[PDB]
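Chain by chain, the residues:
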Amino acid sequence: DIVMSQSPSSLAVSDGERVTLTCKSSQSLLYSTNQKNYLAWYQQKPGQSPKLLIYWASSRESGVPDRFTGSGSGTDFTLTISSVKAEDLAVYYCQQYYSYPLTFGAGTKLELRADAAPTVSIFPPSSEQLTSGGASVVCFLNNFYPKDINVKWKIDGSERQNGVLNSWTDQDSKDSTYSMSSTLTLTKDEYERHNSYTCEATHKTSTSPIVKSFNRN
Amino acid sequence: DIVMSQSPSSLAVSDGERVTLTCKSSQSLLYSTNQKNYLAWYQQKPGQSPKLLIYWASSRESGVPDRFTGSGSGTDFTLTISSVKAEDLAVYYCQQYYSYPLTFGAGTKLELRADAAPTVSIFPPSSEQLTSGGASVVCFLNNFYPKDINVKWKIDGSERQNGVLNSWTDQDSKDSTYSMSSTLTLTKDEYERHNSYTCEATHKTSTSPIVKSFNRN
Amino acid sequence: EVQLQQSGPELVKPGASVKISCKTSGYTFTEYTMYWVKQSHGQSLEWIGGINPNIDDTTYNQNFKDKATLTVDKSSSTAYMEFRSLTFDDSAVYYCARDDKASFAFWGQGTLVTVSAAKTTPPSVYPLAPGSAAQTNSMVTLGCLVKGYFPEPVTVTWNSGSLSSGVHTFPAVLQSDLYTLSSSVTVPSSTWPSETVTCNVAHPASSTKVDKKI
Amino acid sequence: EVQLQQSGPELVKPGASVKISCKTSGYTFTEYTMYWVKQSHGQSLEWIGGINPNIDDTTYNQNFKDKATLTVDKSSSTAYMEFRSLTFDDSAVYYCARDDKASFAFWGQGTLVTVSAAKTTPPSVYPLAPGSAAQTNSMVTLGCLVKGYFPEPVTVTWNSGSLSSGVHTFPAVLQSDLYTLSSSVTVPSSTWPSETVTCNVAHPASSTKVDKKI
Numbered sequence: 001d002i003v004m005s006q007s008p009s010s011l012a013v014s015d016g017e018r019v020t021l022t023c024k025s026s027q028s029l030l031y032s033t034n035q036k037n038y039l040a041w042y043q044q045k046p047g048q049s050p051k052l053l054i055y056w057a058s059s060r061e062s063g064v065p066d067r068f069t070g071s072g073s074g075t076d077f078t079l080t081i082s083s084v085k086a087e088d089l090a091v092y093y094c095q096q097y098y099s100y101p102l103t104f105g106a107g108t109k110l111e112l113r114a115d116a117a118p119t120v121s122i123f124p125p126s127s128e129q130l131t132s133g134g135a136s137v138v139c140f141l142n143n144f145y146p147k148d149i150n151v152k153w154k155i156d157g158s159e160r161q162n163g164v165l166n167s168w169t170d171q172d173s174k175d176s177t178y179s180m181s182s183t184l185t186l187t188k189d190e191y192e193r194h195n196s197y198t199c200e201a202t203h204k205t206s207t208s209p210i211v212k213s214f215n216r217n
Numbered sequence: 001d002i003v004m005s006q007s008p009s010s011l012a013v014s015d016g017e018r019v020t021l022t023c024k025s026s027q028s029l030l031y032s033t034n035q036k037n038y039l040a041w042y043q044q045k046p047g048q049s050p051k052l053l054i055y056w057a058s059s060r061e062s063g064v065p066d067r068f069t070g071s072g073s074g075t076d077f078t079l080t081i082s083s084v085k086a087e088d089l090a091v092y093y094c095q096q097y098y099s100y101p102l103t104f105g106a107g108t109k110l111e112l113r114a115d116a117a118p119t120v121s122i123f124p125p126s127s128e129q130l131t132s133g134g135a136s137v138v139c140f141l142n143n144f145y146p147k148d149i150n151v152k153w154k155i156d157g158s159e160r161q162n163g164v165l166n167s168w169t170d171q172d173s174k175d176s177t178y179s180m181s182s183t184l185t186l187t188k189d190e191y192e193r194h195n196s197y198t199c200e201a202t203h204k205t206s207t208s209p210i211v212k213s214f215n216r217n
Numbered sequence: 001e002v003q004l005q006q007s008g009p010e011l012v013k014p015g016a017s018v019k020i021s022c023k024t025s026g027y028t029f030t031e032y033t034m035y036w037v038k039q040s041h042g043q044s045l046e047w048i049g050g051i052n053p054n055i056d057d058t059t060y061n062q063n064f065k066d067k068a069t070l071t072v073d074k075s076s077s078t079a080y081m082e083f084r085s086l087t088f089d090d091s092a093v094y095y096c097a098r099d100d101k102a103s104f105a106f107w108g109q110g111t112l113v114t115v116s117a118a119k120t121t122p123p124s125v126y127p128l129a130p131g132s133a134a135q136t137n138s139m140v141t142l143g144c145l146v147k148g149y150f151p152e153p154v155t156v157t158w159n160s161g162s163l164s165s166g167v168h169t170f171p172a173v174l175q176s177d178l179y180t181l182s183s184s185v186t187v188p189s190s191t192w193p194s195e196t197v198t199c200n201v202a203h204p205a206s207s208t209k210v211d212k213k214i
Numbered sequence: 001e002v003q004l005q006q007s008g009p010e011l012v013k014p015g016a017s018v019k020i021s022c023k024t025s026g027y028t029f030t031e032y033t034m035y036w037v038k039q040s041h042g043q044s045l046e047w048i049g050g051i052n053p054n055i056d057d058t059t060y061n062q063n064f065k066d067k068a069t070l071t072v073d074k075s076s077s078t079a080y081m082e083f084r085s086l087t088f089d090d091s092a093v094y095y096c097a098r099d100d101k102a103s104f105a106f107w108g109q110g111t112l113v114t115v116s117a118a119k120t121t122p123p124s125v126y127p128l129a130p131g132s133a134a135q136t137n138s139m140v141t142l143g144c145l146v147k148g149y150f151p152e153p154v155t156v157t158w159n160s161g162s163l164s165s166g167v168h169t170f171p172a173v174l175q176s177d178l179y180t181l182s183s184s185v186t187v188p189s190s191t192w193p194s195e196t197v198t199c200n201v202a203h204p205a206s207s208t209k210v211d212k213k214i
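Top line first, the protein sequences correspond to chains d, b, a and c.
Take the first sequence: its letter number 1 is residue 1 in the authors' numbering, and every next letter is one higher.
Take the second sequence: its letter number 31 is residue 31 in the authors' numbering, and every next letter is one higher.
Take the third sequence: its letter number 35 is residue 35 in the authors' numbering, and every next letter is one higher.
Take the fourth sequence: its letter number 145 is residue 145 in the authors' numbering, and every next letter is one higher.
In case anyone wonders, no lab produced these hints; they're calculated from the structure.
Beta carbons: idealized from backbone N, C-alpha and C, even for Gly.
Please note: incorrect hints may appear among the correct ones.
[As the list claims (entries may be wrong)] Think about it this way: if two alpha-carbon atoms lie no more than 30 angstroms apart in a straight line, the pair counts; the simulated DSSO-like pairs of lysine-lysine are: (1) b/51 / c/212; (2) c/212 / b/174; (3) b/24 / a/65; (4) c/212 / a/212; (5) d/174 / c/212; (6) d/85 / d/147; (7) b/45 / b/212; (8) b/212 / a/213; (9) b/85 / b/51.
[Unchecked claim] On the chain c side, residues computed to face chain d include the following (Cβ under 8 angstroms): (10) 91; (11) 143; (12) 170.
Please model the complete structure; the sequences and the hints are all you need to start from.
What follows is the structure, given as structure tokens:
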């Protein structure tokens, strides 16, 4: 079949800056008789349905604001936005009408800016958890940026990937930042056989990881 | 004057069947030369104004759907509906224009189907009721069919007919059922002289009456 | 095609006189006669009378003798109806029906006229809860009584209108010149009594809003 | 424009069948063409297939072969999409794509189909409190754990929804056919531990609401 690619996967833009998207296919989508390149540009608002914007890459659909200007022909394509607004935060897609099956893009999600410094907050397992037959050691990572961050779990100096779950939500509109929760589950027998529980996270802006620990006694 | 009668009073109908209404007059409403009969059929929607359906008993109003027709002359009168709809719920009337004073009909109403019954609605009185000097015990009837029911009040095994407040509602638009509330009020020192309060209700589909009671102390 | 306008609800004391008006527009008032019909007990209708504007033809029912008198206004194109010696049985919905031809007639929206010797009072509501410690039903029904209010209507919602299902509004009954109503709403057994529900009643006449948490 | 009326959310089990209806209005149903799009892992759209209701032509993708069928109804102007032999990878959000003009394609509200084998269970709330007596930071964090609930979602409020500031609600994760979420808030050192708060959760499916003090 025919495959398409979008690069890059994500872009962080501020208010007033222009943004350009690129959709490259595996072969020329140009049709000779109609002399029109068949491609579709979508914008999907969060919690809503996607909608078409630029049809046949050469024109703007009626009702779409002037900031959306389509261009490109043959292989390469470009979606140019003159000035972004507060309602321009969404994910974009790229569809081809050339041949079946219809190929869909990987998607590109916009972000905001900038400079969010995270922190580590540790909590011990509760009293009702150990009664139920298990234990959970979690530390919350909130107010950070960008969305790319790595967290490690080391028990008594030994690194363990068993029971590691992460929870990553969308970007909060108030502080323009992200919050991620990490959950590590273990039974009541493993809680009594171990003492120190640590979670270690690495951030690009920080030259050294932030470590936090607590004791069972 | 010339009084008119209507039978039956109420009947339960389904969706898509035929409904026949009859209005009988004590005297002949016919006028000789024009071979016409004086009557007018009415349809009054709840919260709306009455409207006319069949004029001179033989013909349909302009704008009324074809499902409303009528036949008959002289004494008897017939109003037949070919196919009922969901908006057909109303109260129908028949008037005679023959002689003054103008006499009206008793009215008819259509119901739905079927088989709803309650179990225990009993609410004991609260502590704030006695602070005002009075006392009130209530029995409710919810999700029951048909509207015909006989509520009875038994205090310490004795029947009490005074202070009974009965209230009936319209038909529900969801389960097509009825709601009835019976309130019994009395004074403060009479409530302290009695302990057990039994609330009796008799329903048609049940071969035995439902007997429920509660105690004050 | 036509607009028949009347007055709104009136609050009158027994012994006074009330005037009901019927507005006519879109047609000549000097041609077609006007009639009046009384609606009693919510269903049965009663014929009041009729009047012809131009020839001053007035005929009244045997019940309305020395009670209902009709007067027409030729200048403003409207009809007037006034009553004398109002009693307790005189509270009914009134309509003014136009007579065009024998085939079809026009009706108005109606005027709600009630008469009682009464004074407006803030509604006194009390909570109600079942006195049994357990039950065999998976549903737990609650309710609250509304007593000592005037005049109609009274809007009763539940938890700021969050639960719109399972609500039943019972019509009011007239006792000692004051109406009393009640309401009941089904609630699951997995909530009560671990949370509290409130009864929100509104009385726009007295401008009183009270909430009782159960 | 066109009003696309779909069905509600469906909860089924792997191995059963499910029907998704798409209602069209305002134009001719037999003229234009119908399509369906599935959204996989929430950021990625997948093309299911398409059907022309005029000549009843049916085509599908390679992944959706021998799985979903497409039937149309001329009387009600509705499009039917039925699935057979469901798996755990078939749980996603489905879209009804109606192609009218090449300028803009009309889209519907979406259909959430969650296919899993599970039984409805009330949620379990585990409170969280820091174990340190003092800290240099003036802002202290609290947390609430909600485990063992189904189906999703559930509404989590802090102190009966009185505190709307600094509320971080994390999405649910799926473990052993059960869902688990976490929530954390920022509290100043003045009120903590001077005053006590609570974690209030509400589950609309099981009608079970649990309150715990922190």
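We went through each hint and held it up to the structure:
no.: 1; hint: b/51 / c/212; verdict: violated, 60 angstroms
no.: 2; hint: c/212 / b/174; verdict: violated, 37 angstroms
no.: 3; hint: b/24 / a/65; verdict: holds, 28 angstroms
no.: 4; hint: c/212 / a/212; verdict: holds, 24 angstroms
no.: 5; hint: d/174 / c/212; verdict: holds, 28 angstroms
no.: 6; hint: d/85 / d/147; verdict: holds, 22 angstroms
no.: 7; hint: b/45 / b/212; verdict: violated, 39 angstroms
no.: 8; hint: b/212 / a/213; verdict: holds, 28 angstroms
no.: 9; hint: b/85 / b/51; verdict: holds, 17 angstroms
no.: 10; hint: 91; verdict: violated, 18 angstroms
no.: 11; hint: 143; verdict: holds, 5 angstroms
no.: 12; hint: 170; verdict: holds, 4 angstroms
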